[PDB]
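Number of protein chains: 2
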Amino acid sequence: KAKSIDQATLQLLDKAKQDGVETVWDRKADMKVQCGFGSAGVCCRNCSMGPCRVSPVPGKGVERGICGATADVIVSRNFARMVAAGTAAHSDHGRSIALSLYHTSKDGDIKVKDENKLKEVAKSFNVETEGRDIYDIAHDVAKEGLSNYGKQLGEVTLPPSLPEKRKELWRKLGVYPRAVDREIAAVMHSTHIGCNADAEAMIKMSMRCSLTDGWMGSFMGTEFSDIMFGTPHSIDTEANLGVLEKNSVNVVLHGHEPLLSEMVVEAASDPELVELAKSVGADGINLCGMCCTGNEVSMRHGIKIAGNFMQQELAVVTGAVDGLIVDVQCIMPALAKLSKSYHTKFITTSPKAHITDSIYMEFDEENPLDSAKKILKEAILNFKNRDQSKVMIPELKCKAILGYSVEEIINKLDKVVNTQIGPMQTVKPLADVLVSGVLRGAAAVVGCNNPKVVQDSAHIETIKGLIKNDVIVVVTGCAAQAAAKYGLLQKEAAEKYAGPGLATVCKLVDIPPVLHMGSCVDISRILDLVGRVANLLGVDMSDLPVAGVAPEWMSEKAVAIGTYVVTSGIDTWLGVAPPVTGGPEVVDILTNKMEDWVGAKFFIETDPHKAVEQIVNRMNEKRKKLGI
Amino acid sequence: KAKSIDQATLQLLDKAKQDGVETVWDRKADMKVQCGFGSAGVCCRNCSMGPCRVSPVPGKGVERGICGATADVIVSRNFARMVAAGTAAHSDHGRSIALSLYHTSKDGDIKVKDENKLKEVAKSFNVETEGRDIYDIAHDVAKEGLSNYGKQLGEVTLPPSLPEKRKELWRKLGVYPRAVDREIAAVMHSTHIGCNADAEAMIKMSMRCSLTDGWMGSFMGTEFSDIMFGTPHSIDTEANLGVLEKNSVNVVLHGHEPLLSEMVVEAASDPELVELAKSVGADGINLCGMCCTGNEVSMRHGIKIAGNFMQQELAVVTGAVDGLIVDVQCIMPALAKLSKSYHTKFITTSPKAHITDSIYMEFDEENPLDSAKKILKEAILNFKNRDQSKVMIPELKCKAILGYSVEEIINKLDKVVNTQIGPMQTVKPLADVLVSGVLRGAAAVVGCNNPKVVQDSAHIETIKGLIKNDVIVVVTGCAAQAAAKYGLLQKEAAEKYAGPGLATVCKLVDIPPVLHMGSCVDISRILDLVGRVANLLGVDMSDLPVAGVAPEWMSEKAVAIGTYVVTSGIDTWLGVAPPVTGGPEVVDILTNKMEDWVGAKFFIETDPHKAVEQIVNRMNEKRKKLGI
Ligand code: SF4
Ligand code: SF4
Ligand code: SF4
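Chains as they are written, first to last, in the deposited numbering: chain C, 4 to 631; chain B, 4 to 631.
Because the hints were derived from the structure by calculation, they are not lab data. Built from N, CA and C at the ideal position, the CB exists for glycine as well. It is possible that part of the hints are untrue.
Stated by the list, open to error - Derived DSS-like pairs: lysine-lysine, alpha-carbon spacing no greater than 27 Å straight-line:
#1 B:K35 <-> C:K63
#2 B:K146 <-> C:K146
#3 C:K340 <-> B:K63
#4 B:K499 <-> B:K402
#5 C:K63 <-> B:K20
#6 C:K499 <-> C:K471
#7 B:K6 <-> B:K18
#8 C:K170 <-> C:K625
#9 B:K63 <-> C:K343
#10 B:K340 <-> C:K63
#11 B:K340 <-> C:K207
#12 C:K455 <-> B:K63
#13 B:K377 <-> C:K175
#14 C:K20 <-> B:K63
#15 B:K175 <-> C:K377
#16 C:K170 <-> C:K126
#17 C:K596 <-> B:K340
#18 C:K377 <-> C:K281
#19 C:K596 <-> C:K63
#20 B:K455 <-> C:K63
#21 C:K35 <-> B:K63
#22 C:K120 <-> C:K168
#23 C:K455 <-> C:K604
#24 C:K340 <-> B:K596
#25 C:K400 <-> C:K281
#26 B:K343 <-> C:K63
#27 B:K35 <-> C:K35
Unchecked claim - Derived Cβ-Cβ restraints for the label pairs, each shown as a range:
#28 C:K20 <-> B:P587: 29 to 37 Å
#29 C:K35 <-> B:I631: 56 to 64 Å
#30 C:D367 <-> B:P61: 33 to 41 Å
#31 B:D33 <-> C:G440: 53 to 61 Å
Claimed, not checked - Only some residues are given here: those of chain B computed to face chain C with a beta carbon under 8 Å:
#32 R56
#33 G71
#34 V76
#35 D95
#36 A182
#37 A204
#38 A356
#39 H357
Start from the sequences, fold in the hints, and give me the full structure.
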């Protein structure tokens, strides 16, 4: 089968074959037929009595592990641990952001750039703002956010966009969230040998844990990032590997933590570093981003996006990356080995993400700007080691428009508001187009790449099908970057791919049919948007014609995201089967019984066209339930 | 191979074969040859690009996972997740204890029974005590303990017995602990795909996480349990399955959390329940404990111990267990199936541990005594369903002495203190016998059973070898219960098994050669003891001739325990190989490089006699280093 639908990706794969280096596709081929027990989730290693593998087919073979655990128990515990790991990644990101907020000052490297957003957040956290210094408010807000992570007494703080009905449903179900780290610890405790051996209770614990990601960790990370670095607005950028410059220093920012990439962007305008780039024979400094850190700097500053997850290696294969600076998460360790075949300096910066044989330059949060400057200086000085005979940058780049935060979307919707009617600054125009049926619904396309799927194929096919069916699409993460590379993040795309209702809406509001809402933590924005719509219509989020899709997901973070999206009341389609087919009870809970609990459920569909059809049918069913 | 060295265990295995019921041994046999990849730790399932298996033999076969992770990376992440799971189990136990402390009242079900212990703990937590109400002090202490779990700013609180040198070494190494749930979340975050791919850093993160178990979670759980339920003192009890009564109601308490078992013990003396037991035709109520909850109620009240981990099923096989009340952890789910073959009521009580097809009676912490009375009444009423023709109780039980908390040990040591010299109430006599060489050292024997080892064989052989070599032995958990069943927890055992120096010490102090220090969380007591000795000698804990042994461990909790014991500076022998042989770098870190970091290291030895020899040699070389 084809490795990708992206032509630049294919050219660089040919180059990597010529250079004798191996990619993620080569390692996937080397893995051959993957273990059936692990693929079905019926393998357990939770204690040293094991490893235990039970039959994925009930009634045949070994039925129980040594402790007596059934296939359903093993599957449910494995699924819960995936959710806990994803929640941990997102919560650690949000915790770093909250600590950065706590360390803001007027004359420091980290300031408050959006005071209005900070005051609204302070209102949401019961922090007084009138007649107060802005940094005192910021510190109080950071304290409340940090308490959300580890409070042992009392209730956590949740955003006002979350409907009261959803909160009450969670409380009745027993999944109402506690402090984030406490829920992660609870999930890890209940999967220990000889604890929870009941699939339904295990799934409910995992949902409870995922809620602390969706509504607390990711939400606080996003809102505090907006406070410190600015709320995203409509902004132009370029996407795909063609953004690399042969005649300039190329600095590629990979990872998820935004403070480092923000400081690197600021350092790139330093006169001394620009002069140094000129002195090593380069035209200038060309910052490019990848994955979620690329999404953040692109949403807030228009930094060009070099590529998504499965392109990271190919970025090095060009031979033009002088410095690859990585913080945490979704950083293929093979990059270190790959960097030996080129001049590239592979720089790790976080104590959480040491990588063997990489150059470690710890990013100092006490002096973020100076630390970013020294890291960037190492990248710039590496330009002298460039071998221009090994350089091949495909001439394939695509224009994209992004920056669609909830605030930006509301500002855009204000155009189609009659002044004599109003109100202004609400999601009411979006609610109106959804209720009238001009738009059939809204769908979030999120997730990673996965060698099991032709890279970016499922993302593009799902998005095109949805917008052709007058479903407005919001995108995050690597799916958003696939849309950017393909050319869907363009106003012209409305008349090229969208159906009649969505084309009319795009023309009236002057937006692309596909709205890039940011990184994987920025999925919280999607929740926020949906919540607002629900609160405007006086219904729960499970009554709306909305859906989420993860066509090509790979990470534990994706599992946690899908779990909290379903738990919030939004049906989720998974384009890659999770390792649960071995447990019939777990499959039945996730795809059938979940609808009785939270009004939504998982859909597993590896065919994107069938997924689009199912999404449209489900949205029409919910519309008929709602009367619209 | 023999299944056990215990004769009562063998008789009940014959009965289980005659009854056509499966045991843990039968399921272990059914599992046959366990997966080599999982056994070596070279299998990874951390993302849905996998499952990935790399060769346990370097230089052959597949070398890297799909993301590029090496065998060392996969092994180190798997080990770190085991540590995180064990830390989560212990920390959740301690968190429940702290919450119970927070709800103590003068006229409530949960009171303060050891005010002196509470005042000393309050001193350790910087809580004022002079001229204050005892329950105000208790609530402040509980608040400080709870803050240890989830504080995001500042430093955690550690017991005064921990040497300053050990803390400084931890700070220099980068493993100084943070809040417990924060460290669990950090480990889970760094094992996520594309985060940490460096074995040394991964092992250091796991050590940092395990410290929050050893010195914060388990320590606080133990000390708060002492405050609420009484400090253990020397007390007599009986051990092994013979403690069951044919003519009495048999109520078996299995699990770890002590509040439920304490309330059940209190409810058993209720006049209405005793009258009900008489009216259902029984002579009375016979409470028996298993595993750690049995250890707690036995340490504090002399409740008879029915058996350790791999005996739990056999307790039901007798046909005499009218009620089996379980809370969390090390509860084989197969019990639910097994109790169908008998009249036994298998009662789950904790929302953390639901077991399918068991009778769920949620233990209400708000009204603990009434809830315990209701559960106990269900067990008593089940006596009418006893089938006395199916009853077979082995006439095999053994006298044991336990209750050796640090306070009790100090009280015993006061006997050999010359009044004209002093001081009293210190560990000084123990330090003196260790320094003089009358005792060669002290060894902690802890851990579970494991079907991979003849049950209780390794525990007994290791303990007998150590005490024969004049090494005083402290025991916890299932190892302590194996010693109890065998008969080592007896004063007579001193003249039957101990060497000359240990026999003299036992005669002078009037103690058994093997000291039962309580449950698995009570391993913190061992730490406390060692710390005191170190603080009395002005040395670090790694300079002492001390060791820990886990001859037959199975649980993730055991992994976390061994990790924090080694990190504290105490060499640890493992009688069951952990899944790390696939990663040569991880093996080298755990067994060789750890000594450079923390002055102690792991020893993997499956032969108990060889383990005793190695322990004696290591203790002698540490003595020669210390000059004693
Ligand atoms: S999933 Fe289990 S059975 Fe399959 S290779 Fe991995 S450890 Fe072995
Ligand atoms: S927890 Fe149970 S099923 Fe899992 S490895 Fe241990 S004995 Fe086997
Ligand atoms: S994290 Fe890497 S090694 Fe582990 S399953 Fe995913 S791709 Fe394979």
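Here's how the hints hold up against the structure:
no., hint, in the structure
1, B:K35 <-> C:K63, "holds (16 Å)"
2, B:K146 <-> C:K146, "holds (18 Å)"
3, C:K340 <-> B:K63, "holds (18 Å)"
4, B:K499 <-> B:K402, "holds (15 Å)"
5, C:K63 <-> B:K20, "holds (23 Å)"
6, C:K499 <-> C:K471, "holds (9 Å)"
7, B:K6 <-> B:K18, "holds (14 Å)"
8, C:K170 <-> C:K625, "holds (21 Å)"
9, B:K63 <-> C:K343, "holds (22 Å)"
10, B:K340 <-> C:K63, "holds (18 Å)"
11, B:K340 <-> C:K207, "holds (23 Å)"
12, C:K455 <-> B:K63, "holds (25 Å)"
13, B:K377 <-> C:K175, "holds (25 Å)"
14, C:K20 <-> B:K63, "holds (23 Å)"
15, B:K175 <-> C:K377, "holds (25 Å)"
16, C:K170 <-> C:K126, "holds (19 Å)"
17, C:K596 <-> B:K340, "holds (25 Å)"
18, C:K377 <-> C:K281, "holds (17 Å)"
19, C:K596 <-> C:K63, "holds (25 Å)"
20, B:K455 <-> C:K63, "holds (25 Å)"
21, C:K35 <-> B:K63, "holds (16 Å)"
22, C:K120 <-> C:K168, "holds (26 Å)"
23, C:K455 <-> C:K604, "holds (23 Å)"
24, C:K340 <-> B:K596, "holds (25 Å)"
25, C:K400 <-> C:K281, "holds (25 Å)"
26, B:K343 <-> C:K63, "holds (22 Å)"
27, B:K35 <-> C:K35, "holds (25 Å)"
28, C:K20 <-> B:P587: 29 to 37 Å, "holds (31 Å)"
29, C:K35 <-> B:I631: 56 to 64 Å, "holds (59 Å)"
30, C:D367 <-> B:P61: 33 to 41 Å, "holds (36 Å)"
31, B:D33 <-> C:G440: 53 to 61 Å, "holds (58 Å)"
32, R56, "holds (6 Å)"
33, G71, "holds (2 Å)"
34, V76, "holds (6 Å)"
35, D95, "holds (4 Å)"
36, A182, "holds (6 Å)"
37, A204, "holds (4 Å)"
38, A356, "holds (5 Å)"
39, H357, "holds (4 Å)"
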